[PDB]
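As a starting point, one isolated chain is supplied in C-alpha cells, in the form deposited in one PDB entry.
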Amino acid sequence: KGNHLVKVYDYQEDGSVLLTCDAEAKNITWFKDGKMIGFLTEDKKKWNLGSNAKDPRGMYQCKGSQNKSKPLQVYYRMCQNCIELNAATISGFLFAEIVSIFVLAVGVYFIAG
C-alpha cells in the first residue's frame, strides 16, 4: 500500500477503536512505539485498544513476512472533563465560596468566649 499499511476502523456503534494490519502472513506480531505488546494468531487480524472516552494515544506498527512496517500516530481528544467559564458559572462559584466562609466566621466569633 506504499508502506502505509496499518489502518484504523472508527465510527463503531460502541466506543471501541480497532486497528487493521494490511498484509498476509501467519504469526502476526504487533508493536507499540518501538516495543512489543504481544504476539497474535490468525483469523483475528484486529488489535483492540478500548473505548474512546479513555482517549488512547501512541505509535503502533504491525509485522509480517516483509520487513518493518511504518508507524501510525493516534491522537484522541474526547473531553469528558469539560468545564464552562461563561461568566455565569464563575458567578455561582464565587457566591457559594464567599457565603460559606462568612458563615464559618460567625461560628469562630462565638467559640472564643
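Residue numbers count along the first chain shown, from 1. Rigid core: the largest C-alpha set superposing within 1.5 Å between the two forms. What changes on going to the form deposited in another entry:
Large C-alpha shift between these two forms, rigid core held fixed: of 53, 85, 36, 82, this applies to 85 alone, with a displacement of 2 Å or more. When two forms of a protein are overlaid on their rigid core, residues whose CA moves 2 Å or more are considered shifted, and residue 9 is not one of them between these two forms.
Taking the form deposited in one PDB entry as the starting point, write out the structure of the form deposited in another entry.
A lone chain is what you will see next.
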C-alpha cells in the first residue's frame, strides 16, 4: 500500500476506540512511541484504547512477519468538561457569591466589636 496499515475503527455503542492492523499473519505485535506495549494472537484482532471520553493521543505501530509499518497519530478532543455561559450560569454564580460574602461579613463584624 505504501506501508500504511494501521486504521481506526470507531462509533461503537460503548465509547470504545479500537485499532485494526492489516497484515496477513498471526501473532501481531503493538508499540507506542517506540517501545512495546502489547502482544496479541489470533481470535483477537483488535487492540483497545478505552473510552473516547479520556481522549487518547500518541503514535502506534504494528508488525507481523516483515518489517514495521509507518505510524499513525491519534488525537481526540471530545471536550466533555465544558460549561457554556448563559444567563442562568452567571446569575447563579453572582447570587451565591454575594450571599456568601455577606453572611461571612456579618459574622466577622459581631466577632470584632
